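Given the coordinates of chain A, assemble chain B with the ligands onto it according to the supplied hints.
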Amino acid sequence: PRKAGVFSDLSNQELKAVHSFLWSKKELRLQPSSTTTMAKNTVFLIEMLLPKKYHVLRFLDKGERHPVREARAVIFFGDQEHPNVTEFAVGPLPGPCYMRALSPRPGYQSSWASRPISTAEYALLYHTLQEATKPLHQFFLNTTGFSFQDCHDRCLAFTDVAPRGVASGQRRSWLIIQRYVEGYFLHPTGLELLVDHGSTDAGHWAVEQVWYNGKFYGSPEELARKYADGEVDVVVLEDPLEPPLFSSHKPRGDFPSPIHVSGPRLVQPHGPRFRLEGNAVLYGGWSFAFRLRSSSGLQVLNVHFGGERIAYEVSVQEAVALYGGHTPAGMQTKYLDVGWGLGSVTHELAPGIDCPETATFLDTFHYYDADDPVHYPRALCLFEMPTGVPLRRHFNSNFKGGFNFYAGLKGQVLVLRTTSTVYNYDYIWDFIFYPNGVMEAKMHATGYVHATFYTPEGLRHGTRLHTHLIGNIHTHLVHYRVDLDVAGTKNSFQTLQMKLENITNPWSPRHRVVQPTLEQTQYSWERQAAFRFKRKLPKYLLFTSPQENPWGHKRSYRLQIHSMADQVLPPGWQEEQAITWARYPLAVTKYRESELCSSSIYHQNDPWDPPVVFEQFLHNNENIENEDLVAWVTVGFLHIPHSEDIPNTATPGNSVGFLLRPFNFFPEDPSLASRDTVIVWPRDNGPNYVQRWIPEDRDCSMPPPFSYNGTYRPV
Amino acid sequence: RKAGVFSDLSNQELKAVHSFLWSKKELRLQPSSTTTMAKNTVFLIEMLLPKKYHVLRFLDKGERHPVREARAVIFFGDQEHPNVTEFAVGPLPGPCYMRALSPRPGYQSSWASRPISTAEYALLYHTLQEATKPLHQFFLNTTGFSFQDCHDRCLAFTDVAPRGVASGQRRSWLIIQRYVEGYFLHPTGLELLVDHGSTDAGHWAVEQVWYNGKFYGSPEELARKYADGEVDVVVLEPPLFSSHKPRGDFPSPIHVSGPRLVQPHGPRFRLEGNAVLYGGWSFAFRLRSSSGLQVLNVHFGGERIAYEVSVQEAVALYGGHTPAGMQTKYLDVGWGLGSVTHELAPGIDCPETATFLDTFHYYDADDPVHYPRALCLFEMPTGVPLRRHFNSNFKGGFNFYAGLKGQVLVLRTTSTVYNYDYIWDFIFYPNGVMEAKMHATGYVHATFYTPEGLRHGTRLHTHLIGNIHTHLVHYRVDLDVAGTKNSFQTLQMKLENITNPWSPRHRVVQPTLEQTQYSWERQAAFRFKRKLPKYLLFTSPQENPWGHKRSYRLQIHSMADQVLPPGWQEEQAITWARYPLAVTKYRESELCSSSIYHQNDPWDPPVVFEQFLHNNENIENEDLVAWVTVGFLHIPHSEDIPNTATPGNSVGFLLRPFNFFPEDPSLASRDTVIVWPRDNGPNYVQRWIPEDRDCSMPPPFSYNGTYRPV
Ligand SMILES: *[C@@H]1O[C@H](CO)[C@@H](O[C@@H]2O[C@H](CO)[C@@H](O[C@@H]3O[C@H](CO)[C@@H](O)[C@H](O)[C@@H]3O)[C@H](O)[C@H]2NC(C)=O)[C@H](O)[C@H]1NC(C)=O
Ligand SMILES: *[C@@H]1O[C@H](CO)[C@@H](O[C@@H]2O[C@H](CO)[C@@H](O)[C@H](O)[C@H]2NC(C)=O)[C@H](O)[C@H]1NC(C)=O
Ligand SMILES: *[C@@H]1O[C@H](CO)[C@@H](O[C@@H]2O[C@H](CO)[C@@H](O)[C@H](O)[C@H]2NC(C)=O)[C@H](O)[C@H]1NC(C)=O
Ligand SMILES: *[C@@H]1O[C@H](CO)[C@@H](O[C@@H]2O[C@H](CO)[C@@H](O)[C@H](O)[C@H]2NC(C)=O)[C@H](O)[C@H]1NC(C)=O
Ligand SMILES: *[C@@H]1O[C@H](CO)[C@@H](O[C@@H]2O[C@H](CO)[C@@H](O)[C@H](O)[C@H]2NC(C)=O)[C@H](O)[C@H]1NC(C)=O
Ligand SMILES: *[C@@H]1O[C@H](CO)[C@@H](O[C@@H]2O[C@H](CO)[C@@H](O)[C@H](O)[C@H]2NC(C)=O)[C@H](O)[C@H]1NC(C)=O
Ligand SMILES: N=C(N)c1ccc(OCCCCCOc2ccc(C(=N)N)cc2)cc1
Ligand SMILES: N=C(N)c1ccc(OCCCCCOc2ccc(C(=N)N)cc2)cc1
Ligand SMILES: [Ca+2]
Ligand SMILES: [Ca+2]
Ligand SMILES: [Ca+2]
Ligand SMILES: [Ca+2]
Ligand SMILES: [Cu+2]
Ligand SMILES: [Cu+2]
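Listed in order, the protein sequences are those of chains A and B. The first sequence maps to residues 27 to 267, 278 to 751 in UniProt numbering. The second sequence maps to residues 28 to 263, 278 to 751 in UniProt numbering.
Chain A extracted, bound-state conformation:
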């Protein structure tokens, strides 16, 4: 269990140790992230940097030494003539002595433009807007009752969309202006503004274009003028500030059948049945470690069942929302969430709501756009829950008014969960473990939709959800890395299909038997195992070991994809270079340390020329027979918003993911070791014998009272 520490995130202490070491190098001229100038040197991100798999596996499987522990440190070098972003690996931990180059990209010049936005930058943007929009002040008051200057409880706000321009190196953002009320995401005013904020001197920043209610205007002054001269068809918004605001979660309406009491709840009188210690988990047959990468999010590592490895890594790689729109902001929006620290917006899970009251809730620390490491309460939870459906059951009838036996095993699952709330949407990320060796990855979508100001032309790109509101059409796409090591590193990939044959009926020569047969297809090269959305995806996608089970069949795990995704952008066109993985519901690559990730934090702001292009992993078309393979999986769905998305998108029917299922891996059902199985047997002239291996439970316990903090701060 101490071995799982190799996969563990950095502690508050280690984050501080790395930050202090960076600050001790006076030549870096490092300033705090909150300093409100772009022309500064700052440490933007610090997170644990996984050691090489070769070394980890020798540590884990061969008794060799613990690999050196390091942190990734991303430094924004704004305080120089040619600003750039450079990454380092800082180590060792404990006792940092060195910073070495990490992911160097020599000859690329747009790193500064590619960098994530930051709190300091937002503050300066708000300053830029307050000055630049002064001509529109009276316009603001007349059309909205809110303002940017001299506001207190009636402030305008903005939401920036990305990417930021039409080509690599640009940092020109469209901004959707909204009223800052409860659920402000759903309150666009009809104004959108394009700001060039590329220069490290914010005094050079300019609103270069203005869109209001269907027309472009060139500058704030021009719109002000034309409005003053009565030449603008404006939409005067009603006052927002008894009934709840449409964008509030507050209850309204009544069901015809009143519900006055709390619903059923999980109790756990015996406590957890899994063993969670640090980042190590044991649960029946299962053994795995986890981590929460601040940049990209949740990972489960070194996953075993039955004491045998199944997967070295399963991890979220990227999550995107690709929009169409009638407004410039809407037609600009391709959100890539790793560009926003998908793994560090893991905000507090509410006990009894976000996870069961019986869950184990876990804190973490993140250092992402911060002056010090920040404590995130209840960032993750781990819990066992009844699925409501038995894992297996059978009624063995005697067909004479009775039975020979009933047998059943109550359905339970272990769930590891976190969330990501960057801004409007809340994604819920689950890794789920079933007692029979099946594991499942799942994303659910909830929170607020990305929405723009209603005009009639908007109906070609979305749905009217309220008086002044359009929910823009978009597609959610998530990419997963699935480094399966089925019973070991060396695997192959094959598929199975049903194929009909047409033979002479062997017992009636005058007749035919047209019937299913089992067809196996082997795959030798990466390109053969790169399935595009147009291609027919076989029903059995198997990752196999050369080892056979006792019945002569190769030991395999099957990948089963649950998705409504499709090709969204045209392959090869401009920003689509950022998301070439989204060409493939499944693609298989040969493992490589230079190919651990399909995305990065830089992809959002330079989608034209990003540091990783997944398609390039397929270029060399490597042999994949008896090799360390990585499966990569795209899942997602088209979301055409509808009125039921107000105030929030709901989770029912809004999840996607995949299952990993053993297929001839174990000699028989691996859940047979469960002692929860019950078999009822008849007895002549008596009550039935209920055979158990664990006593019947009716015990009771109570969860702690509900609490919720809502703050996240350094400790």
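Derived from the structure by calculation, the hints contain no laboratory data. Here a beta-carbon is modelled for each residue, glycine too, at the ideal position from N, C-alpha and C. Incorrect hints may appear among the rest.
[What the hints assert, rightly or not] Label pairs and their in silico Cβ distance ranges: (1) B:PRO280 to A:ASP408: 55 to 61 Å; (2) B:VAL207 to A:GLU537: 30 to 36 Å; (3) B:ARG180 to A:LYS88: 37 to 43 Å; (4) B:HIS163 to A:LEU573: 50 to 56 Å.
[Stated by the list, open to error] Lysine to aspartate or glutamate pairs mimicking DMTMM-like chemistry, simulated, CA-CA at most 20 Å apart: (5) B:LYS535 to A:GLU493; (6) A:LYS590 to B:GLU493; (7) A:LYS572 to B:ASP602; (8) A:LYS535 to B:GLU493; (9) B:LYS572 to A:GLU476; (10) B:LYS478 to A:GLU476; (11) A:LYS436 to B:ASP186; (12) A:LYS575 to B:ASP664; (13) A:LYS436 to B:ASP407; (14) B:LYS436 to A:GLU476; (15) B:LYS88 to B:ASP664; (16) A:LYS535 to B:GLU611.
Using the frame of chain A, we list chain B with the ligands on its own:
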């Protein structure tokens, strides 16, 4: 309750229909249990739904309760030309009449088409026992079991269907097995073809014999060749591999019970008879002995969504190396899918807190039979909030957290015809989303291992091949979105490529929303070849407050494909499986896509789904019916031993509100919690129901396992 119009027959009603028929002396009725085929007997009695026209006038326009009737299926075997005839028996209470249903002029295979029965099995077993006497020593030597003086070491058989090569035949292949715990997985290597068509069991014959990859013609021939050394024979306390009993050890053993649901404040749904209320939901349900579970007159927010959602048929289509294997196309409505609803075990099949419901079936029985805990109805936490949001202030704090705990209402039954157990769910979420689901578990259909079998399945044990097969299920989904008259429409994303309106030298290539209308049935019949649109909408002409048509969306969760070749022989029985989705104009002559007869005459069945589409009717502003196929290929694997498990082995569909309600319909729920910050104090936790931490105990576990007349 008006939902009584949809209710199944009570014990009293079943007895009343049976008594009435038995009082007609000219019918010459005898009990199902009488062990001759040359008898007249009432095979099945269940409630026969009135016409939708009359039901809606009763429900919606305050008119008379429709006439209540029973469907009665009579096997007329005691006549020169045996047949099956169905009757409408009514009225109820106090039956007077008996009216013949659905004639088929020119169809001659009625008797052959009829389901197998207990009495037919007793006669088959007698035939096998007699016909296999020459193989007695062969049986003992090769298996240690036999049919004679066998006691604890008896052979058994599993029949496959369909039963022959053409309409009118009744020639069944029988898989010989050792009768032990989980006998389904113990084939001996012997299969037997028996012609049992004549009403005189005296005429029944073993016409062919298959053993370990060779045909032998008769039991006598196999016996002689065995004696003469001319047969390649396979000669066949930890638990048996076919047993559920625990063995093996987890690396981290678990010794205590897992978490459980408690419901100290009682159910939050209201059940009165067959009528259910739950938050916004109102619906009725029935358990049709022939075809299985239905939900009817489904309402949310006082508005109708669907008149009927029902299981229509469930099939398992096999390939194989053995003749039984290559013969098997099971169609479970042919086995009374809805009357093998055996006892739900509290805590396992449904939560300990569930409401368990009994029912009565009259299917191949002498009297109506009580089935304890045949269905269950329960609310359970889903473990994922229906909605949640963390509204950050981006300065180390928050403006609010809002969340609604996930709960769902589940209505469940099962069907275990024999080896497999299907679990049938209809699931209702608080936001107006309903879901249908089937899960497969129980024992696989399996045959004797030879090397040749590996082309049609997987070796799962020493002597066992798990045959490859596809599961396909058909649902009838009579959506009545806000009313009877609807249209069908699909939406897709289509890209446009325009001049970037703020940078003219550049392009915007972006999503647009494309809407497709459908005017004729055939346009809305989607084959598995065709690309299925992402939005499948059934729409009312009514608009929501924002100008969009009020609709429900159908979202299918399936791995199905075309299995049999269209137009080829038995595929005639399952033409519906050509279509993941097809839409028809409502017709009283097309209430069902299958029947109890399809299994035993798949070549010339009484209902051919394809014919529903032949008139290619207008579906603009009509009473529409969606028909949905879901399923999956199952290539068996060793983890299916002793049973297939439910994780990942489920299919179904969702029905989702799409611009039907002005905003999220779950906003009426008082379970929502909002946490607000407070200046210089603790947070305000706003609730509309008090926090609850009460615990209580459920009923102690019990299980009966018998199903008898009352
Ligand atoms: C991104 O910015 C960093 C930091 O500004 C660059 O690294 C720095 O490169 C300079 C040379 O350009 C190094 O500074 C010093 O140069 C003098 C030359 O007179 C030399 O005598 C000193 O020994 C020293 O090297 C500096 O060491 C180095 N800083 C770090 C932290 O590595 C980096 O090259 C820029 N990247 C790109 C792609 O332009
Ligand atoms: C399976 O193969 C058989 C044999 O080739 C096909 O049967 C022939 O079908 C044609 C009509 O298309 C007839 O003219 C022949 O008389 C048939 N021959 C025999 C020997 O029966 C049959 O159609 C094939 N079926 C499928 C579904 O592929
Ligand atoms: C959220 O958690 C923080 C950390 O525990 C709380 O801060 C503490 O507040 C208590 C008052 O009950 C003081 O006794 C401590 O001195 C505080 N500790 C620190 C480190 O600041 C804070 O009260 C909680 N906030 C809410 C809204 O519940
Ligand atoms: C199936 O058998 C039934 C019962 O023998 C036949 O029904 C009888 O038909 C005769 C002559 O048409 C009538 O006089 C009787 O009233 C019928 N008896 C009953 C109980 O309805 C029927 O003709 C046969 N069906 C077919 C299609 O041949
Ligand atoms: C979108 O449309 C534009 C304009 O038709 C296409 O751009 C043209 O592409 C051809 C071939 O590459 C060039 O020779 C022309 O110079 C381009 N014209 C302009 C005005 O840019 C573009 O290829 C289209 N993109 C997609 C993905 O369909
Ligand atoms: C299953 O249920 C039946 C019906 O309730 C039980 O039969 C009853 O058993 C009690 C206890 O001896 C008798 O006094 C009653 O006369 C029985 N009632 C009927 C209608 O038979 C039966 O015992 C139960 N079986 C099992 C195995 O639990
Ligand atoms: N779905 C999307 N991609 C997305 C949608 C809208 C949006 O527009 C508002 C601007 C974001 C305002 C808040 O931005 C951050 C950034 C990083 C962290 C962090 N990692 N700590 C926390 C908050 C941004 C992203
Ligand atoms: N999957 C399949 N289709 C199936 C698989 C195997 C099988 O093999 C042995 C025969 C079954 C013996 C029991 O048959 C019945 C019939 C009807 C009822 C009823 N509805 N009451 C109850 C039991 C039968 C069906
Ligand atoms: Ca490669
Ligand atoms: Ca691998
Ligand atoms: Ca028609
Ligand atoms: Ca309808
Ligand atoms: Cu969405
Ligand atoms: Cu199956």
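Verification of the supplied hints:
1. B:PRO280 to A:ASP408: 55 to 61 Å: Since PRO280 of chain B and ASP408 of chain A have Cβ atoms about 59 Å apart, the given range 55 to 61 Å holds.
2. B:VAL207 to A:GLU537: 30 to 36 Å: holds (34 Å)
3. B:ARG180 to A:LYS88: 37 to 43 Å: violated (52 Å)
4. B:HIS163 to A:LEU573: 50 to 56 Å: Hint holds: Cβ distance 53 Å, inside 50 to 56 Å.
5. B:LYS535 to A:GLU493: holds (16 Å)
6. A:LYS590 to B:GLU493: holds (18 Å)
7. A:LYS572 to B:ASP602: Measuring from Cα to Cα gives roughly 11 Å; hence the hint holds.
8. A:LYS535 to B:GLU493: holds (16 Å)
9. B:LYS572 to A:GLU476: Not OK: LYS572 of chain B and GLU476 of chain A at ~27 Å, beyond 20 Å, violated.
10. B:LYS478 to A:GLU476: This hinted pair holds, its Cα atoms lying about 18 Å apart.
11. A:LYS436 to B:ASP186: holds (18 Å)
12. A:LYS575 to B:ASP664: violated (36 Å)
13. A:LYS436 to B:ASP407: holds (12 Å)
14. B:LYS436 to A:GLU476: This hinted pair is violated, its Cα atoms lying about 35 Å apart.
15. B:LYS88 to B:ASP664: Between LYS88 of chain B and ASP664 of chain B the Cα gap is close to 18 Å, so the pair holds against 20 Å.
16. A:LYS535 to B:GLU611: Cα-Cα ~17 Å, so holds.
The structure shown violates the earlier hints numbered 3, 9, 12 and 14.
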